[PDB]
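Right, one structure below, let's go through it.
Part of the complex only, each chain left as placed.
Letters A and B mark the chains as written, and numbering starts fresh at 1 in each.
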Amino acid sequence: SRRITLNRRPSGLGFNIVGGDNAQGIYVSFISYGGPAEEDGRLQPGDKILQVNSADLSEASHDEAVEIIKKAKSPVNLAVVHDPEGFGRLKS
Amino acid sequence: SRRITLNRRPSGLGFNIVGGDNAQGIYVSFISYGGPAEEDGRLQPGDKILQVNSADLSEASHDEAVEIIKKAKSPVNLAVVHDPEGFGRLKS
């Protein structure tokens, strides 16, 4: 498990996520070049997001997590854990 | 509204975009000399991208649109509309 603190810009946090139904996991799907996630250097596409400002995303659906991440507060604290197999299974 | 068809080259499509949060608009921010967008002659930096191969970018965030545009296939068809205002607003 890793802690990554990103500050939101008007262009967002600099990454897209993908998830499934509840408890399937929320994964970073894409990292925009030049965004906060990329300029920070730590977030990766295999990373499963466990928490967003303490808000637990373990049991979360994709749309729930999207809304949470979008509404998160300026200094967004992410607890993530790299899970490539889970990311690759959630694909299709 | 205008239709512009560009073919991706290994160096990309020849333009960079900027956007905000969802529904703020996706704008062409820069047109590389010698790229497909510049050699095509139609795309301009004030242009708001409405669609990318039918994929609607109205409600899209910056990072979402970047991933969409980056993944578009073959003859990428852009529906754009010149919006110098709002482009100047997004710069704040």
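In this text, a contact is a pair of C-beta atoms (placed from the backbone, for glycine too) under 8 Å apart; a residue touches a chain by one contact, two chains touch by 3 or more.
Q: Which copy number describes the whole complex, given 2 displayed chains of the same sequence?
A: Every protein chain is the same sequence, and the full complex holds 4 of them.
Keep this in mind: only the chains that are shown with their structure count from here on.
Q: Within their complex, state which residues of subunit B touch subunit A.
A: 18-22, 24, 61-64, 66-67, 90
Q: Could you please specify the touching residues of subunit A with respect to subunit B in the complex?
A: Subunit A reaches subunit B through residues 10-16, 29-30, 32-33, 35, 70.
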